[PDB]
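Undergrad: Here is how the chains run, residue by residue.
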Amino acid sequence: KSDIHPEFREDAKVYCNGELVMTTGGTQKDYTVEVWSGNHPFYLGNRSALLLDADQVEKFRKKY
Amino acid sequence: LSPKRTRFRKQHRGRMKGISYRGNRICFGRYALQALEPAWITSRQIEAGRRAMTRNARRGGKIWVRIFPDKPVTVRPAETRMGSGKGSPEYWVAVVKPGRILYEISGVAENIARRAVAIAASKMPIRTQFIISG
Amino acid sequence: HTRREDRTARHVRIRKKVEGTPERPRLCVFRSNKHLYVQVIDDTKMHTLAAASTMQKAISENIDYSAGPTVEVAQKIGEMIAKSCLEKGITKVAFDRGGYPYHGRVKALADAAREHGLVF
Amino acid sequence: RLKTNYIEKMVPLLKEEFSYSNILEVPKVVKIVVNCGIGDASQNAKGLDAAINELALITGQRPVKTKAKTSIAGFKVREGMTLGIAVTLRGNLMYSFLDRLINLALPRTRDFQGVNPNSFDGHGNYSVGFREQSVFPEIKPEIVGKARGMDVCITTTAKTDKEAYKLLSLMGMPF
Amino acid sequence: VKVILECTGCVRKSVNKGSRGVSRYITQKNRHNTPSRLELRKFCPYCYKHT
Amino acid sequence: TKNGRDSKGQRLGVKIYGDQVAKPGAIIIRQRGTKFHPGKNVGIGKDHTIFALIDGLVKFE
RNA sequence: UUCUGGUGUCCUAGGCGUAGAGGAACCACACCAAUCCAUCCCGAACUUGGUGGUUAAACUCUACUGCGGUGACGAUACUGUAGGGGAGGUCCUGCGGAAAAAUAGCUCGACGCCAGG
RNA sequence: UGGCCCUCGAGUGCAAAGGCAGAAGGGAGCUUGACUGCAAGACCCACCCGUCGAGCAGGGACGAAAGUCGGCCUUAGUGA
RNA sequence: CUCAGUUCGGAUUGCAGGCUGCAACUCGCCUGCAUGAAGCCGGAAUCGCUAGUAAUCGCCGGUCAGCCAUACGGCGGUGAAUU
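Chains as they are written, first to last, in my numbering: chain A, 1287 to 1350; chain B, 3 to 136; chain C, 4 to 123; chain D, 60 to 234; chain E, 7 to 57; chain F, 186 to 246.
Derived by calculation from the structure, the hints in this document are not laboratory data. Quick reminder that beta carbons are idealized off the backbone N, C-alpha and C, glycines included.
Selected chain D positions facing chain A (in silico; Cβ < 8 Å): (1) 119; (2) 158; (3) 165; (4) 197; (5) 231.
Covered by chain D, per the in silico footprint, the following chain A stretches (three or more residues, Cβ under 8 Å): (6) 1287-1293; (7) 1306-1312; (8) 1316-1327.
Throw the hints in and build the complete structure from the sequences for me.
TA: Structure (structure tokens):
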């Protein structure tokens, strides 16, 4: 229908802070995007947190 | 004894008919009390016969009360007789026709069930007998 | 739920209101994805009077590569169903839509049936 | 553009993974549907306008304020009241917003659970639901101080034990 | 309240074939004024029968 | 002190039975609701009564 | 002259399910776009115009009594008349009619019109 | 809000009964037949009453047409 | 920064340390990071003070291995209004 629907643009520029640009179709023309799923720390964030931070004995030996 | 919910408060009477061909068989229990005589049996005689044969067995076995009243009888007061105003919370009544099993019993030997079923048949306005599970 | 049961349910919905009479027959259509069908039938004797189809006009003007039902072949089969029952004694007819809503090629099919003077 | 990535690579390995015999028996995603569960939108008039403008910029098209199926006592619900504002988008918008669930919901969730093998498991026709990301990053987020409801139900054609979970697994939904 | 009330046409006291005022019984009007198109007046086509 | 005696007196029923000669306009069935649906050569009424359109017998199927 | 598929009508109503088959033709889904048209949003539905592949879904045909529907005979309750018993509740006879439920079975419909090949 | 199952158990301004599943139940468009003059024949029938009605003319409403509409699914809501 | 629960406020909690002392969990202090609670001058009532006083800012001592001391005992700095 006309006159009610928002402008669904085909040229939507997805800009990453790591100098990567991909094309998607959406509302805005430009999208400044953070941690988006390709090269996201979901393989290393669960490696750094809940998997390696727990220590009580090797913390004790570093002060003696 | 008495139904909890009643679909209709007062309900008029209904006349006895021939031999009940459905409720004549024995479902549970080994022995039974078959009625030869069509009349009404209130919940009061059912309490009397139930206490009679439960306390006449008194060691083992279980009885089976078959019938439930499901219809009321409205007794008018002594108020010079014209209306059927309120008689619904008064005594309930079970219709029994011939053939129908009234009581059953199991876990009891021969003559202990003969005195159990036969003594508890004296608490009852209609002539009966005891029936073996054939 | 499905589309075919929806069409059949719409056609039974239409059939309650319109009935074939011995004075006025009823012509029903079927717009299959390859072919149209049109049936001048008489319900009180339970037999057809004048049936045509895309397999009748398709001797001369058809393209099976294209989507078979077009508005132009609806114009043509309304033309031949308008001149096929006129030579039989069928002037005053009771048109129903065949379970399909009227805004389509059945516009020009019905008006094409009106083009040869049929009392619609 | 992920429909072209949907065509040639992730359909034939579902064709040979289940060991079919024909092409069209392989299932596909049918439609997704978003609702905004709101109990107070006749009073909050600018929250319903926030659903129209803001939620119409969340999804592809304008959402629909939903009239009440019945009136339940206790709540402020009458016959025909706005109980949530929903939208049903479908087509290439469907691929574009499951795409926006790959891009805008999978790496930007504070939790790291993703698709769940213990949720949306058993259905007659398999449906996947999420309660996440009340505002997309296209909308200036700090205006709406209310965590409004938002559910995105995906639909499929399959009636199996494997195929929808592998369908979201082949797309950008790790866990 | 359900007030009974009469609809009426445009009067036109004339010497035509039985030309005269036409009022019709109607109900329910506890609202804005509703002229309905009750017709077959003494003049045979008619519209906007007032009150 | 009774809350009764509220009879109605209203009557209905089948007026013309099957294999019987009907008249044009003869009321065949007076009914509450539709126990008898209108077949052919009949008509349904304003209060769902069934009248005959033409002469002849009446049937049920 | 069978199949195919629009169409009905009688119907014991013919359905669910398990199995096998059909894409020459026909019917049906699927992909592309939207000009009339359209969905209180979506070409999901409806419409128009085409690529035109499959039987996957849906239709059609053939089997099964596992459910479902239907359903006996004989009996028996009941009942119309003519009577009899009982204190009552109520029962029994002569003749006529005759159940219901259950069971043995029956049923995966049957007849017509028109257009291909 | 999405999907399967049972398929009429929901609903119909209100009491019950009989109805009604591609509906008489819910929605949307246009609407004023909630007209005029009537009316063959029926039911109910102490009378008074009361109920249904094919069909005709005028002038229309909807629909593309076929057709339908003389208030409401019906029975109560009244007074010579 | 120039009006905010804020570069106000610092509570509570976590991680990592140090010191004292046989020993620091219940129950010591202190450092480094993390969090940033309540609290926008206080109802009814109520208290101290007539001048180097009030208010305000620090320093020291005692006991003491170390400390719960925001207390106590002192000592200066700035320094009023009112009767």
